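Let's start with one chain on its own, the form deposited in one PDB entry, as structure tokens.
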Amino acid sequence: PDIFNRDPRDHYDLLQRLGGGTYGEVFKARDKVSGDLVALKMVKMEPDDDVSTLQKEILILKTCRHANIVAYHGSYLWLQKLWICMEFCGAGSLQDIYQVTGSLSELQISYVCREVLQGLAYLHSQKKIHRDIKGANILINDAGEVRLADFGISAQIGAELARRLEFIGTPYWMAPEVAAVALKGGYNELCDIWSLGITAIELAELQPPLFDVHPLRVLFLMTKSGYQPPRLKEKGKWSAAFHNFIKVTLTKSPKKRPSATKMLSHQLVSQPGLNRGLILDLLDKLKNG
């Protein structure tokens, strides 16, 4: 798949770090030959990370023509550092957007949900889990397209697991079911459907439920037996279809939670008037008011 064995600095000038750490090491960069902007994500590579495995995963990323996946433009591999070259989004994430525009309309939220569900459907059909659906991780490109980033690669998933090791502590005395559970980390493909439901509330209310309470307390609230799925705050403002989308996306039991494909036949994401003009409107509002 032609992973270049060259310093990406050869071809690109780094301009600005993106995300303030939440995106790891991602940069807005300018191609030197053309004038074009890109996103360069830098995944640190361990010696253990096999370069052939990588090549398998990258080819998948390269051949993707899905409309709801951030586009792959290439990748470099220089001095134990992999770089992924993607499209750059002036408008950034839906979080960057609503922090200027304010809450999205129901129709805007409905569109974002349809497009993400399409992205999720694609990921899940490749036995991939996003694991981090949220406003911050949904990019709106210059054409008003809604896209998820696909980082289904071993070295990336590897770095997340490095964090989780510091979390779960030393493993040598751990039982195999404790090791298995800790690796998985409870993440299953339907976790993305729950995360989208929270996202829709985030898009509607400018923050996820319980965001005014400390993470530690919330972790305890969440894992109480009686914990209830959150709902939208202001009843009057939203249609029954939105409330329902939320009800069904935010099902507690994963055995009873609907998949991306089933959710694409929900009232909310099937309704007329869902077009990218909704997003273009949002973009004009961001950049003007």
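Positions refer to the first chain, counted from 1. Definition used throughout: the rigid core is the maximal C-alpha set that superposes within 1.5 Å between two forms. Compared with the form deposited in another entry:
Put simply, after the core is superposed between the two forms, 159 is the one residue in 146, 206, 191, 159 with a Cα shift of at least 2 angstroms. After superposing the rigid core, the C-alpha of residue 22 moves by 2 Å or more between the two forms.
Annotation: Cα of residue 235 displaced by less than 2 Å between the two forms, core superposition.
Once both forms are fitted on their rigid core, the CA atom of residue 281 lies less than 2 Å apart between the two forms.
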Given for the second form:
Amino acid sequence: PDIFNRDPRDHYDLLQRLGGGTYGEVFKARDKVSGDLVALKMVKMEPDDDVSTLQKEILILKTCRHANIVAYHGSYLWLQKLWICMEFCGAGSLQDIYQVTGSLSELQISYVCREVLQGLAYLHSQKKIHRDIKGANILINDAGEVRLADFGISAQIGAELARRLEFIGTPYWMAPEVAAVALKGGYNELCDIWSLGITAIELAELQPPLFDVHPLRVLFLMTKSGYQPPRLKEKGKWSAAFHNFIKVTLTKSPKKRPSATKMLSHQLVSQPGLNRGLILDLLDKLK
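Having displayed the form deposited in one PDB entry, please output the structure of the form deposited in another entry.
Just the single chain follows, nothing else.
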């Protein structure tokens, strides 16, 4: 991986701050030479972070190539800050969209779900796990296409890495099985299938299930043996294929939850007629 050792402002003009967090901030930028629009995610480094770890992580981003994953262009390391240059999606997230447009149509939701599963199937083929499939992390470009955003690299380096370690506290007395669960272990890639189920409900009802319930309470309720998976509120508004798509994605047992590849063969996402034009209608609603 070629982490360019220059200033990113030499090659790009920053145009607008899109969002931020403990990882850093993301800007809309324009290539001073190409004129192409790009997203520039700046991750604030820490002294104890090693240059070896970044390369490992930048190779992960470089190798990960799928049409439904936001494209990686390059990386820069300047003044103790890391900059990741990525594909730019001019319509923001689906959350940015449905907060203005309202609930999506079943056809639009199906197209989104098929596109996400295509990317999800690719990530799981590479033994990777998104971990945060949700409407706020599903990007849309002006062409009506779907791109998965990923904030994982920040959990392995920089300030987010520090804050997690700050919460775990001292690990020297910890048993090795507890250590595993702290490095995000204990589950499988099939949690992405569940999160897509809630996302479909989120796109249909403008909120995830139990959104108005306190986070702790919601956490207890899912660990109860008698928990019931959520469902769409208005049954009549949606077809049986959609209801079944929600039923099979929201399988409690991870050993019985179907894979992204199995879900790509589901009736809701395998129907002809699903294409970018469905979201082009949505982006027009916004206008």
